[PDB]
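Following the hints, position chain A against chain B.
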Amino acid sequence: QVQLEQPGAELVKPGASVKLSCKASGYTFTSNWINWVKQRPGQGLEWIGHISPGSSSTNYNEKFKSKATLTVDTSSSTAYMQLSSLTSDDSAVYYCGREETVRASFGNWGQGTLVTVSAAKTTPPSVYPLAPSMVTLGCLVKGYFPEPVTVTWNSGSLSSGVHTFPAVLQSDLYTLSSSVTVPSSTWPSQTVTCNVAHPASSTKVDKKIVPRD
Amino acid sequence: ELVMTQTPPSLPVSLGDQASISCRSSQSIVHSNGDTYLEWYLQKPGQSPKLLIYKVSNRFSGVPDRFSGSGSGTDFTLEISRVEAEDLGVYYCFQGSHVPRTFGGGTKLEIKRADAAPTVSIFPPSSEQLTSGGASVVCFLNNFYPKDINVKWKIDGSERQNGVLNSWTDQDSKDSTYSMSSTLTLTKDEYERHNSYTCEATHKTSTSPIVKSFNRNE
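Protein chains in written order, with PDB author numbering: chain B, 1 to 132, 140 to 220; chain A, 1 to 218.
The hints are simulated quantities; they were obtained by calculation from the structure and are not laboratory data.
One or more hints might be untrue.
To be verified - Straight-line distance between alpha carbons at most 25 Å, and here's what the computed DMTMM-like set of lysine to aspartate or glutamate pairs gives: (1) 44/A - 5/B; (2) 112/A - 79/A; (3) 50/A - 90/B; (4) 44/A - 46/B; (5) 55/A - 100/B; (6) 188/A - 179/B; (7) 13/B - 89/B.
As the list claims (entries may be wrong) - Chain B regions said to be covered by chain A (calculated; three or more residues, Cβ under 8 Å): (8) 56-67; (9) 169-180.
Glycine included, C-beta positions come from ideal geometry on N, C-alpha and C.
Bound conformation, chain B alone:
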């Protein structure tokens, strides 16, 4: 299984640089070109460029010539994109993708790295349970920075019945929540746990929903 692994998030000060990583596995790294793309949130894709890990040779979209540098480390199977002196215009998701030879530029995509460019510090979320023939439970994920957070229920095994709501910015912090609906014979007798990942601070929080007393 072809995998392109990108970190979830990077917080960057204005004027600083980042180096984004794209670790490949599931095929020989040197066999396929790597492409990179920029997507401002809610906005449509742009092509930054591509690199041959075999030969290290590159082609850039002119628009990015002086913002982006592509390299690879063959020994670790990892492709890098270095972005220089960041500006709020650079805040965006960045995807790496694997080219299928003479077929398509993005046969496989990484999950993308959300780069927030800001002077603000990282703040982890507070995670609060929402308890009351179907029952609805939830998680309130409050007061974090930057985006994103990831929410699952029972470690992904509760997939259907789930709504995770886009975050809303307020007072310079994000708040999100998630609901899950389960048969009333599942809860409270089985445990229902929300799993919150906030990659920019490498926090994971499991919150069990217990009945109020």
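Chain A alone, transformed into the frame defined by chain B:
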């Protein structure tokens, strides 16, 4: 540079209908090897994009057959021959024949489906949040259609609009419905002076709102 133009930018379709999306390239897109590298990608809400069609008309591994691409020269087209809820998202054409490689601006496929009233749920602030000094009251209005809806909060019966934050999901992949959460954020002092809290949902499905409420005491 190859400018790729997609129309429409938004495509509303009923479930089971046919959908057609077109892409126009500002010049020809034949690669020196003879191949026309026209690709179609689909990006579902929250996810990275995924390859649908490559080389104008070939289905990528494990893409269903209700997807097919066609065209030539500068006019390319994507047909979805019987649309379902999992097909929601933004569709992009892309040319990989000439540097710099370029994407179309995207076409957003929307599902239109029968109306549906929201299932509304209200949640008291958690005991953990109270001990911390804050108090949020949360209301889910789940699985309703169409996207338009109003929520109204009431404290002891008096309407309250300060400190309310609302969020809508994107259309749901199983259901084609929308949901929204509404959060009333207060201080533990403010929360604790008042007794009943109400969430009211008004939606095209009824003249009378769905009302869900609770009392601070028990």
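Going through the hints against the structure:
Distance check on the hinted pair: residue 44/A and residue 5/B sit about 19 Å apart at the alpha-carbon level, within 25 Å; holds. With a CA separation close to 18 Å, the supplied pair residue 112/A and residue 79/A stays within the 25 Å bound. The hinted pair formed by residue 50/A and residue 90/B meets the criterion: a straight-line CA distance of about 23 Å does not exceed 25 Å. This hinted pair checks out: residue 44/A and residue 46/B have alpha carbons roughly 17 Å apart, not beyond 25 Å.
With a CA separation close to 11 Å, the supplied pair residue 55/A and residue 100/B stays within the 25 Å bound. The straight-line distance between the Cα atoms of residue 188/A and residue 179/B is roughly 21 Å, inside the 25 Å bound, and the hint therefore holds. Restraint check: the Cα-Cα separation between residue 13/B and residue 89/B comes to about 13 Å, which is no more than 25 Å; the hinted pair holds. With 5 residues having a beta carbon nearer than 8 Å to a beta carbon of chain A, the segment 56-67 of chain B meets the requirement of three or more and the stated coverage holds.
Coverage of the segment 169-180 of chain B by chain A holds [criterion: at least 3 residues with CB-CB distance below 8 Å; count 7].
In the structure shown, no violation is registered for any of the earlier numbered hints.
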